[PDB]
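First comes one chain, alone, set out as structure tokens in the form deposited in one PDB entry.
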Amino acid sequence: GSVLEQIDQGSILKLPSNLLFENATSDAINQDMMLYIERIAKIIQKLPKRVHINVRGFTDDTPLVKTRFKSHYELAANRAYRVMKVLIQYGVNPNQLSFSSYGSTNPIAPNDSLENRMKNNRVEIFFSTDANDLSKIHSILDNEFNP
């Protein structure tokens, strides 16, 4: 519910930035949230090795002052990287992990309200696989029938 959402090519755990991090321009994780990341790490470790985990950082488009970060892309990158590193510290194999920065792109909801702007400041843990059976079927048929 509040955390889990399904999309057609994988699953998403949505972690609000204001809950996860120390302040609005920080990439340090709140100590009382560390074992929630461990909880996620433990579930990942039980999944098949073929599952990939992409830790995705997003911001809204509120400009930020008095910070070392010079773009929403940089802030989002540092946040996603931090969460990814903690997953590794709690036992997830790095061969299953990547991080992404979306900056202010791909918002959950339009940046048209205070509620929506807060929704857009989040880290998403995206679970998927690199399934290619359909692609391989198509390539074989293409070889045969494409004149």
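Under this definition, the rigid core comprises the largest set of C-alpha atoms superposing within 1.5 Å between the forms. Numbering follows the first chain given and starts at 1. First, how it differs from the form deposited in another entry.
Measuring CA movement between these two forms with the rigid core aligned, the set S100, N111, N93, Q89 has one residue at 2 Å or more: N111. Once the cores line up, the CA of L64 ends up 2 angstroms or more apart between these two forms.
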Second form
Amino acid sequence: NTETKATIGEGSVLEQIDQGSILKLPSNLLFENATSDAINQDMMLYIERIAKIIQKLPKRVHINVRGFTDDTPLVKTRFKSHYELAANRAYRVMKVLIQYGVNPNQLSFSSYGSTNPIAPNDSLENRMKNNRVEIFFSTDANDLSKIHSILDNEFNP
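With the form deposited in one PDB entry already on screen, would you show the form deposited in another entry?
Shown below: the chain alone.
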């Protein structure tokens, strides 16, 4: 079990994988609703906290803000695809993280569309998980790569 309930802000989870850490935030911690990028102001404070924690981090950490949606139809709104919707949600989280002073050079945003469900869509809590945002923290370490390349150049002709 590489997952712990986070707070700071209930329902979030911190997961560790071997290449980095993932902060998973349910839709409702951030957005008015699952099918829009309007970031409810009652949660501006939550992103401020994450931003502050990022500033306890070395400058070599990249921060990648990731968007996810369910299979819900998109007629209701301005977006053309779930890819588009998820990108826009992740961009907004990113921009707010920049508002609070995270360095743009340490940030990117990604969209997974609806292709990465964590759960079936058989509730509300489940819907919120499928519409989560994830913040992924890693670096670009290449020591092992350089080691291998040096030896490989020196030994494989």
